[PDB]
Amino acid sequence: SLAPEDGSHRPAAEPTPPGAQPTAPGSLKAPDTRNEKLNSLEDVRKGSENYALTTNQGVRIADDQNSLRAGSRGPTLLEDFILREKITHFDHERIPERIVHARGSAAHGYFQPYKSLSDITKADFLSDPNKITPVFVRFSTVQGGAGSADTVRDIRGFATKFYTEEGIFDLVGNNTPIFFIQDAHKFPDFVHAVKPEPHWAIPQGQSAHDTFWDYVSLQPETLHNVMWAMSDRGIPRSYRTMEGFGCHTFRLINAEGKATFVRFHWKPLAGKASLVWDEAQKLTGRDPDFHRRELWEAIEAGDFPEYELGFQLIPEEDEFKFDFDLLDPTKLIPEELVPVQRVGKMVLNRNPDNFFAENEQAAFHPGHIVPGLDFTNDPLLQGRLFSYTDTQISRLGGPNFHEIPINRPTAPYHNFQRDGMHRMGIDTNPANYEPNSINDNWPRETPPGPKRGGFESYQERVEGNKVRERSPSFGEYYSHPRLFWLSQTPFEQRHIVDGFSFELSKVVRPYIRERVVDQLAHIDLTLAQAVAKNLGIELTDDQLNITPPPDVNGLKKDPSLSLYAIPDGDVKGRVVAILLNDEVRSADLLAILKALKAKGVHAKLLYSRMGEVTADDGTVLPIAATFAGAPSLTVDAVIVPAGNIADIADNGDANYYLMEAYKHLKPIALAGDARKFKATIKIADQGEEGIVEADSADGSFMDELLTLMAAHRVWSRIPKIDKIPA
Amino acid sequence: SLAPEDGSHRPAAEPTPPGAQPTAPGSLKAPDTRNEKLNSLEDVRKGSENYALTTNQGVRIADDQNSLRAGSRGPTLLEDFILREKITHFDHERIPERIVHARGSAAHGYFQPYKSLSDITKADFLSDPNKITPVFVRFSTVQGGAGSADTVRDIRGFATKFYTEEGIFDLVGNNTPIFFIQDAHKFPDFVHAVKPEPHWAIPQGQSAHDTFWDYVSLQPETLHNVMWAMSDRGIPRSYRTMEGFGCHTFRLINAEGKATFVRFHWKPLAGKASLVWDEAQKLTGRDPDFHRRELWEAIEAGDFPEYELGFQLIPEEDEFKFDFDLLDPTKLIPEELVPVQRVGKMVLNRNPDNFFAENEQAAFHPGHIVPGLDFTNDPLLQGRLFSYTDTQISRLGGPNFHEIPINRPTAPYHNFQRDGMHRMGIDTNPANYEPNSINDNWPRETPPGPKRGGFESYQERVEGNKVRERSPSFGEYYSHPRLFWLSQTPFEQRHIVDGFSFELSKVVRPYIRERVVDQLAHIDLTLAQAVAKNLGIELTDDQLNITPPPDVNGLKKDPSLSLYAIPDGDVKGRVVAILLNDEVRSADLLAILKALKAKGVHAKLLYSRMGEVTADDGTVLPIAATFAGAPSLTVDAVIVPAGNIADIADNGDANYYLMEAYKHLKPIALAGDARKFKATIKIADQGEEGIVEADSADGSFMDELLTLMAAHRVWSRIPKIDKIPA
Amino acid sequence: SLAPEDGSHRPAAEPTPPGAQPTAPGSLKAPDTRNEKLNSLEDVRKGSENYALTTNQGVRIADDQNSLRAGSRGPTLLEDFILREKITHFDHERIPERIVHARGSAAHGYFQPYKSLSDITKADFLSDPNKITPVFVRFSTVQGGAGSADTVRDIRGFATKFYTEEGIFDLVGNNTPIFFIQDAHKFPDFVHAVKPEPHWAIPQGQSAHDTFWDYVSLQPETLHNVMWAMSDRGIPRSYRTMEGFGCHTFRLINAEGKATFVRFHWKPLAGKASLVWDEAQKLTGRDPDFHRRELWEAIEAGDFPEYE
Amino acid sequence: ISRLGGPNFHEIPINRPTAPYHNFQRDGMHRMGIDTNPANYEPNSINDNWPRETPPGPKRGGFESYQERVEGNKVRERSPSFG
Ligand code: HDE
Ligand code: HDE
Ligand code: HDE
Ligand SMILES: [S]
Ligand SMILES: [S]
Ligand SMILES: [S]
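Chains as they are written, first to last, in the entry's author numbering: chain D, 28 to 753; chain B, 28 to 753; chain C, 28 to 335; chain A, 420 to 502.
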């Protein structure tokens, strides 16, 4: 017995806030959270308590501390089969990482539609509001390895595996509504350009290098998703606070055989929020696991990630009614033109048990559709259909990857396929071919029908010659970048300029920077000039006269493209740093902690050391982390209670905590004599918007703080930080 | 519905004789035959009847006859995910075959001890006659690939996986008591020498080529197993009629920790029986699946293969009591010196459902032992311990091969190993290391003990320097070949001479043949002379004067080494061909079948076409096969009843059937006018021992036939067969 | 020295008739034969005479007869890297065999066109009667595994890899002009039917079983190729004496962009010849390697397989 | 075996010895070397036993292990001197 007698090694099996208890496997943290998929995995879940340690062959091990040797200082013997099994398994633990989206964090949950969608699709999962579909979702970055950092500037993946009664449906989306390239044939060129360069394998998790910008400069189709990546969209606060999109026009197919074009949306019910660049970059160093950690802890805390599934629906007859081609994956469909219709709600409510087994081996692929859905001729989507099945053969070791437990359908599956590496299912069918008489032709084909029918493709008319040719309709590259730019707030536009400027400054060959600047001048002159100024580049008279691209169907902005133009803030699940001193005013802390609790906002009590401090009234205050150990990067706001301020007033880390949080536009609240820290961040006596201050933490001090937090960051402070040395 | 109206597509789920029903997966043929392992495989068995045809993702297929194309004569579309999944699975069906023993046939069964062996071993499966242990046994040849022929001349493997309550114990044996080589380091040399030669990959399933005999002539340690292989041991009639041996001295360890040396044996309860060379070779062409079919059909019929497990036990103080080394795996322990103690019975009573999933993916390894057993320093066994774990990494795709259903222990298995390709187990343990506090150190080590204890190696004393050196005590190569030779009957000796003669005639380089004959002269002059005569070689004066090797501890023979010296026949499960005519004397056939049934001997009714014939009393007789379709090679004896003989009397195939059976020493019975056939095999009017003849098939006629069948073959006929052109 | 004094261990490096000499690797048998592809493989050919025996890491081995143990009757030691490297390579020698056509026999050769075909195709290997194209050809059965018998009744494969100056062109044909099925979606159904049945994995190298004929009886499209398989075409005498076919209509495309439909043929210059069934079936027993042996020994004799 | 896909990892260019290497090992996935040796085993007469073992000695000799003395029982036990 090595566990502590007080049982403090084991986390409570109840929802607890971030940092209160060690984290655990989902079935141990939340044993009563169930769904049909989680239940169906019970056959392979393996426990441990009270069991004897064995080899894989079930042989009990007596000494797991020593190899077998001739004499206690002698050579190890080949007949040590316990040593060799154990080391063999270790020696083969690793499998190939995903070619792209290798870095990803995942969770189980469930989806339910708001109402039946039978008028527009025969998809069984969308047929009845009382139909619950288990999901498994993996969020990811794109470029970096499985051991790269979470808060890089990159697109994010948002993949949802729906375990439906009529088969697996994978909705394999991203956090922007378009992609960099038009045709799947170029995907290796694009990916190679953004990935670490091949001579030296640098840089990790970054597009800020020559080959990416070289490619972008020579392939203007990429400019739209580049605008998105350079904006604060490229640096989300949390997977809970970004949008999701299905990237392509697909089809819905109803029982009557009518096709409707659809683009898929996920709206984050926690709101849209992003970091700022300096914060995101520094955070890759201070906690490269920050998003994986935040997702896991939100789920353990009961702050379940929730998203609303939405559809943009376009009738068959309206295929050609836009300025852009619906099948072009570099074009978005503005919500002002085609609204998103609410469809249903997904809640992620349980972490996995074993990350490797459930997360690393999960296979998602957009060809996994079900009756009631179908594809289109989008030439990016068309190639994806090839890639996601082929790649599993090396990644997951062969064609039986659907038998890896997380991948298994909960719907029945029976067919005539046999064998392959790792074959688990033992087929008893006397036949392995059809048609057969020896088993009366079972399992049998099923006609298409309104429910429970076989899959049949929509009979779309095809007419043309066999060509390798880009549609002329796809040859417009600047209008959507422009629409995106004009839709952003002035502070968002500033962060876009700064992303381009920062990234191009890492491009070693100056001609590439110049070429990119030329492309910016084809989108918007103010943008092009601002980036040019940061790069010491002067636009030519010609570049000054490039006429801007047309409006998109008469639109000059669409506010749904902004993260922040329309408020959607939610504070629940956010976190506040509380900077302790050695004699805190206990009435300030009561008021602070209860107000945060009442709104679902977490707190972490920080100090210059671990252990405890004692408040004015003798209350013993447990310390979560030190100032340097849990930097302001990791919180949404900072509160300093009154008390013995002289304890920390000269602590460099405590001052720096506030400068860093100030620079990154976070709300800061100072009570009583904590107002002496005003001088550290240079705040005028009469105060400033975004700094909450009062004699004490009572009255409106906490409501004012929470109002700031609902608006995420203090954008008005941007001109003030510009000269802060932090 | 494609099945016939009369339901004759489905085999009866009751025991039926060979050829009476189509064969079937074991769980459909014998659904109520159970054991703990067969039951535990229920979670992975998949049926088929009344299920819809789907993709692997659970999506119902409407049309499994066509690819999706643009028009019905148009190009196939990349978006056809149904086609690609189905073709992808097909394209990756195959896994590497085993490096050796790739050709093999397997069945489920059980083992039970005759009494408790706790005085000599604490192995839990041997602790009580009530302890029933599920087994899965795979029989094999050695050289040929998985698609090679069964009735080759080769050593056979006999591998038994014991699913004990204290772990998997694999007893991985062969059908002779020794091996060709002494030290594992030479295994690839020997195996490369026997296998098809590397320039052109010829010959398949044969040792009868230059490189094998080149290696043998240069490595006299091989000569002992070579003698076995060249005897009729190399061509068993049936996996049911051959012996098994564990090849090495292992140890038993009892609760007091006392070690006893042991060699393992399996004694076939159906007795020992082999083919003759001409018959075996021809059989590789008429039915290369003969042994696999014969095993499957024996089990379907209720002729369950039964073997008695036997131990040769040698106290530790008797290590040096013999004039050979106990650790030298080219040496056998004569039963005259150390008798075999009969320990328990294994019965094989159920075929697999899916050959690939259960047989091809099964992994046996002699290092899979349990507490109560242990190894010795046998330097061939020592290197085996390395290879059987290492080879599964490519063959079965990674280190989780124990999770493949057939391989899973039925005993509990828990440890801290994680990940690896196609990981099925989802571990919930917070800890993946020990010692740990976070899971109170579970799963925990277990001290060795009398029952349910951890594995601890027997503390054998090791004293010597680190050397690559063969023990001087291994340096004797001819005494055991000689003892084996002298123990054979005169007809077994002739067949050995013929095996060496035939093989060496296929060796193109004549000096190799000469060098092998030189080695034979070191074993026995009469043998060496007989083979030399067949090769047109004359022994030199030196070779005629080589002193024979010494007896083995005073033994000049041991009849346990002979297949046939001690009567051991069992006719149950054997098969007789009955050559029909278009008007059979029904009273002969009634008697014939009645008597065969009372002894559990099967019959096949043969004619010159399929369909039926009609006997003299109007009995309709269904025909199993033509004369050419089911050759005498596939039966143990031939009966020709009376009736219209003129019908078949000039049938070439009918006459040849008897010539072929006669040549191969099989019992032939002729009734009434069937004695007209004595003419074709040149039998004197007064008769011949081994030919049963009478006016009719009365009671004594069948008794004499069944007596001959108990003695397997008519060895006295050998001098008569030289003159027969067959 | 282990070789005999009279050098009779070494096959004569000159054409010799079947059975006259032991067979040998090609580059030792016929070192004067060459073509562009054979020359290009020289960088990976490894000899052997006069070299020391080494690990794969280039370390010379002193004793390749024993494992390293603690005393000459003691246990084998984990530090024996020479033993583990040699046994690890052996343990992993096998790769998956081909799903179909797993049994086959191959040789190097060359191809030359009789005249330029530039009026009907711009394919460079057909543009000049002086242009010689190295080939590597594999002949095969279809159903059985890599260790199954040659003279089974089955379709035969006839695959030619042309190493052209404008890329590899593979002409992947069979010895009949058609196939059993119409649409590739059914290929795993037909292949599963003809292959060994899934419960017991019987029969090897034979369509003579229930599932094959069940499929045929339910899919009359198969009858045409079934007729060919049931004829003596299904049991050829030699890969040298069978026809080859490209199976499908392909297209030739000339320099002007004109498309012409094309079906490909190989005509055996040694003529057409097949066994009879009783002989072919017994021969699978007496010599399951007869066609592989026959091909190899024909080339060693200078009876080179020729095809138009 | 998993990381580099088989036992021919020494043939991956970076891994290849510059010193000669010849032996009787054959096949494995993505086998690069084409062996011409009539023999793939030793001892052989058909290639006069090449490539051959080499005795140990001062330079260019075969590898032989130092003959360290081993005395002890087969134990899974940590040396007391390590404690
Ligand atoms: C719409 C969102 C989106 C788009 C447009 C693309 N990816 Fe993704 N991707 C793979 C290939 C692939 C291709 C061929 C294309 C355009 C032709 C895209 N991508 C663009 C992949 C290599 O097959 C992939 C890697 C491993 C795998 O299983 O499939 C793959 C990953 C991926 C993910 C991660 C899913 C997960 O396992 O967590 C996501 C969210 C996307 N892609 C989105 C996506
Ligand atoms: C005595 C019974 C016996 C002996 C002495 C040996 N074999 Fe076997 N063999 C493998 C390697 C190996 C070595 C290294 C040695 C002596 C050093 C022996 N053999 C001699 C193997 C390559 O590891 C093997 C191939 C596939 C596999 O999983 O292990 C292997 C197979 C094998 C079988 C087949 C078991 C089965 O899969 O059905 C049998 C019965 C033997 N060996 C017997 C055996
Ligand atoms: C026309 C000659 C012919 C035809 C019509 C087909 N095969 Fe072959 N085959 C493979 C798959 C395949 C499919 C999907 C179809 C129709 C849908 C055919 N076959 C019909 C394969 C599984 O991809 C295959 C196995 C290994 C491989 O590399 O490809 C394959 C083999 C094969 C060969 C063997 C070439 C060789 O290595 O000697 C030949 C001659 C054919 N097929 C001919 C063929
Ligand atoms: S996309
Ligand atoms: S053995
Ligand atoms: S074909």
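Honestly, the hints are just simulated from the structure, not real lab data.
Careful: at least some of the hints might be erroneous.
As the list claims (entries may be wrong) - List time: in silico EDC-like cross-link candidates among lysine to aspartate or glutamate, alpha-carbon distance up to 20 Å: (1) D:493 <-> B:106; (2) D:493 <-> B:362; (3) D:73 <-> B:430; (4) B:73 <-> D:680; (5) D:113 <-> B:70; (6) D:478 <-> B:90; (7) D:73 <-> B:362; (8) C:56 <-> A:467; (9) D:631 <-> D:610; (10) D:113 <-> C:106; (11) D:73 <-> B:106; (12) C:299 <-> C:248; (13) B:478 <-> D:90; (14) B:73 <-> D:472; (15) C:73 <-> A:472; (16) C:309 <-> B:720; (17) D:113 <-> B:687; (18) C:73 <-> A:496; (19) D:113 <-> B:401; (20) B:73 <-> D:192; (21) D:113 <-> A:496; (22) D:309 <-> D:712; (23) B:583 <-> B:305; (24) D:626 <-> D:712; (25) D:747 <-> D:712; (26) D:113 <-> B:461; (27) B:533 <-> C:324; (28) D:73 <-> B:192; (29) C:309 <-> B:70; (30) D:73 <-> B:70; (31) B:73 <-> D:730; (32) C:73 <-> C:59; (33) D:113 <-> B:680; (34) C:309 <-> B:305; (35) B:285 <-> B:346.
Here is what the structure says about each hint:
1. D:493 <-> B:106: holds, 16 Å
2. D:493 <-> B:362: violated, 79 Å
3. D:73 <-> B:430: The hint holds at about 12 Å.
4. B:73 <-> D:680: violated, 63 Å
5. D:113 <-> B:70: Not OK: residue 113 of chain D and residue 70 of chain B at ~27 Å, beyond 20 Å, violated.
6. D:478 <-> B:90: holds, 17 Å
7. D:73 <-> B:362: The hint is violated at about 48 Å.
8. C:56 <-> A:467: holds, 17 Å
9. D:631 <-> D:610: holds, 17 Å
10. D:113 <-> C:106: Measuring from Cα to Cα gives roughly 18 Å; hence the hint holds.
11. D:73 <-> B:106: violated, 39 Å
12. C:299 <-> C:248: Violated, because 27 Å separates the two Cα atoms, which is more than 20 Å.
13. B:478 <-> D:90: holds, 17 Å
14. B:73 <-> D:472: Given pair residue 73 of chain B, residue 472 of chain D holds - Cα atoms ~18 Å apart, limit 20 Å.
15. C:73 <-> A:472: holds, 18 Å
16. C:309 <-> B:720: violated, 31 Å
17. D:113 <-> B:687: Violated, because 57 Å separates the two Cα atoms, which is more than 20 Å.
18. C:73 <-> A:496: The hint is violated at about 47 Å.
19. D:113 <-> B:401: holds, 19 Å
20. B:73 <-> D:192: holds, 18 Å
21. D:113 <-> A:496: holds, 17 Å
22. D:309 <-> D:712: Judged against 20 Å, a Cα distance of about 31 Å means the pair is violated.
23. B:583 <-> B:305: Not satisfied, since the Cα-Cα distance of roughly 31 Å exceeds 20 Å.
24. D:626 <-> D:712: Answer violated: residue 626 of chain D to residue 712 of chain D is near 30 Å, above 20 Å.
25. D:747 <-> D:712: The hint holds at about 16 Å.
26. D:113 <-> B:461: It holds: about 13 Å lies between the C-alpha atoms, which stays within 20 Å.
27. B:533 <-> C:324: holds, 16 Å
28. D:73 <-> B:192: Given pair residue 73 of chain D, residue 192 of chain B holds - Cα atoms ~18 Å apart, limit 20 Å.
29. C:309 <-> B:70: violated, 45 Å
30. D:73 <-> B:70: holds, 16 Å
31. B:73 <-> D:730: Not OK: residue 73 of chain B and residue 730 of chain D at ~61 Å, beyond 20 Å, violated.
32. C:73 <-> C:59: Measuring from Cα to Cα gives roughly 17 Å; hence the hint holds.
33. D:113 <-> B:680: violated, 62 Å
34. C:309 <-> B:305: With a Cα-Cα distance of about 12 Å, the restraint between residue 309 of chain C and residue 305 of chain B holds, given a limit of 20 Å.
35. B:285 <-> B:346: Measuring from Cα to Cα gives roughly 14 Å; hence the hint holds.
Against the hints set out earlier in the document, violations occur for numbers 2, 4, 5, 7, 11, 12, 16, 17, 18, 22, 23, 24, 29, 31 and 33.
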